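Missing here is one protein chain; the remaining ones are kept as they sit in the complex.
Which chain is which? They are A, B and C, in the order written, and residues in each are numbered from 1.
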Amino acid sequence: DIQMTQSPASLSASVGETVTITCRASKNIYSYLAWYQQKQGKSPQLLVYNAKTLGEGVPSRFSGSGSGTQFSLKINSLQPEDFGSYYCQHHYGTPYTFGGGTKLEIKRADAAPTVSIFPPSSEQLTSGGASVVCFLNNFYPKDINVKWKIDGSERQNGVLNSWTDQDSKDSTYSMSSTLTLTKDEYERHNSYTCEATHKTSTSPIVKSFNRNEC
Amino acid sequence: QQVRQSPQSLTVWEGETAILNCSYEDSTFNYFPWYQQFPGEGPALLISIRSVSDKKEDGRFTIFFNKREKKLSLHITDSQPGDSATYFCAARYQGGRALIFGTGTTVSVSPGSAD
Amino acid sequence: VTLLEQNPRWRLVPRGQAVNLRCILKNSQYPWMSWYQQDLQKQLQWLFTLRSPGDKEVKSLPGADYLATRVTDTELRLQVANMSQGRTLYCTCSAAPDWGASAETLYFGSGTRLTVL
Partner (left out) sequence: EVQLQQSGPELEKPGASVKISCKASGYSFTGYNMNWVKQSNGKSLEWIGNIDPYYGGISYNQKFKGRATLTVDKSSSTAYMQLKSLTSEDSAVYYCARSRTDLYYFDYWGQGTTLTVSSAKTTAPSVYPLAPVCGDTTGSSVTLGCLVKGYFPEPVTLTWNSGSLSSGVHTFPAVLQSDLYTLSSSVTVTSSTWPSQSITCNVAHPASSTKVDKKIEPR
């Protein structure tokens, strides 16, 4: 059983720039090495086989090289759609084993998030719970902190956070924050504020509301 | 059938020419070797042709190749009773460890048959 | 005997028993050894290519179950089992794959007929 090992485990670079990722077989495989690109939510797509041979249709940014036990992948002209996880698989004798992947982020210009708060739907209130949602979409870097100030006091309990993966159409990041409490506690306070702390500002981005006022 | 050949049985008077045909569907198989097999013995290479070449010769044996059209044929220019055997058509994917074999044609030389 | 030493020749498997083959490479310049099968209607089939020593591979076809191992640098055996379809099985040997031109010769040993008949 061969052990493919990749490096670095992640990496980012502007579009236009070039980057090389490497792979390690734990045994001499020959030129029996394939390379795939995966965009999260999607299936692996072929780029290279026979260590250097270019997959049918694959763009020429992609160059494959190496033999024996150490191989590499180079993308010149980093395009925005080359983000994703990259993987190497030996194709020498069974079982074909995959490397652990390499995460490629695409540096781009910064962007402050577009914060927007939404209150509990009446439908949910009816039921007996209340979730306040906040979307802070399309921002750059991926680093972002959101505080929840339930009437002014911050609350650490009741928050579920989720982040998409780098968008392709723009190279930016997005994320959701969800504060869920009961309509008892919900109706028992008025100010609901969502606050994003991001590098693009020294002052957080606050978005709020009045339970009581509409 | 990744590699296919026709005919599957050709009986021919000695002196005569034989044409064995063959084609493949996977465009970038690059080496096309033919093989000969005499009753009771292991298949033995006969003639071969890299993909970058239209013709190939060895005295009486000759391959004519059609990359573009993914076509190939074997002509046994002069037939003698010694040529009776099975001729497999074959192809290999570049970088490959194997031979993907046609179904083979059974050529018979000098008949009124039973050789 | 020449490039390959193929033993046995016309074994005959019972049914619930496992015949086993072995092929010996006489020339050291064709370390790339494969196993092929040639069925009753003489279709020729590649089974596997075990290059390095301690390289075992497995496969399963209708009419036979194979287990292969490339014991050492000249040692290569094969155990067929589950055969309800007699077949002649070929050892083969070639130089290392080109990765370009790819025109190395595939030499077939004398094969092991495994009948039924």
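In this text, a contact is a pair of C-beta atoms (placed from the backbone, for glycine too) under 8 Å apart; a residue touches a chain by one contact, two chains touch by 3 or more.
Engineer: With touch defined as in the header, list the contact partners of the absent chain among those displayed.
Structural biologist: Missing chain, whole complex, touching shown chains: A, B, C.
Engineer: Which of these touches the unseen chain: A:40, A:70, A:182 or A:190?
Structural biologist: Checking each option in A:40, A:70, A:182 or A:190, the one touching the absent chain turns out to be A:40.
Engineer: Touching the left-out chain: which of A:10, A:121 or A:145?
Structural biologist: Touching the chain that is not displayed is residue A:121.
Engineer: In the complete assembly, which of A:12, A:67, A:178 or A:191 touches the absent chain?
Structural biologist: That would be A:178, which touches the missing chain.
Engineer: Identify the residues of chain C touching the omitted chain, counting contacts across the whole complex.
Structural biologist: Within chain C, the residues touching the omitted chain are 45-47, 49, 57-62.
Engineer: For chain A, which positions touch the chain that isn't shown here?
Structural biologist: 1, 34, 36, 40, 43-46, 49-50, 87, 89, 91, 94-98, 100-101, 114, 116-121, 123-124, 127, 131, 133, 135, 137, 160-164, 169, 174-176, 178, 180, 209, 213-214
Engineer: Since one chain isn't shown, list which residues of chain B touch it in the complete complex.
Structural biologist: 1-2, 25-26, 93, 95-98, 100
Note that in this section only the chains that are shown with their structure count from here on.
Engineer: If you tally contacting C-beta pairs, which comes out ahead, A-C or A-B? Let me know.
Structural biologist: More C-beta contacts join the chains of A-C.
Engineer: Roughly how many whole angstrom separate the Cα centroids of chain B and chain C?
Structural biologist: 23
Engineer: Measure off the straight-line distance from the CA centroid of chain A to the CA centroid of chain B, and report it in whole Å.
Structural biologist: 55
Engineer: Find the geometric centre of each of chain A and chain C from their Cα atoms only, then give the gap between the two centres in Å, rounded to an integer.
Structural biologist: Chain A and chain C have C-alpha centres separated by 49 Å.
Engineer: Can you list the residues of chain C that touch 2 or more other chains?
Structural biologist: 49, 97, 99
Engineer: In chain A, what residues contact two or more other chains?
Structural biologist: Residues 31, 50 of chain A touch two or more partner chains.
Engineer: Which of the residues in chain B end up touching chain C in this complex?
Structural biologist: Touch residues, chain B against chain C: 30-31, 33, 41-45, 48, 50, 86, 88, 92, 94-101, 103-104.
Engineer: Within their complex, state which residues of chain C touch chain A.
Structural biologist: 49-52, 55, 57-58, 96-97, 99
Engineer: Mind pulling up the chain A residues that touch chain C in the complex?
Structural biologist: 27-28, 30-31, 50, 93-94
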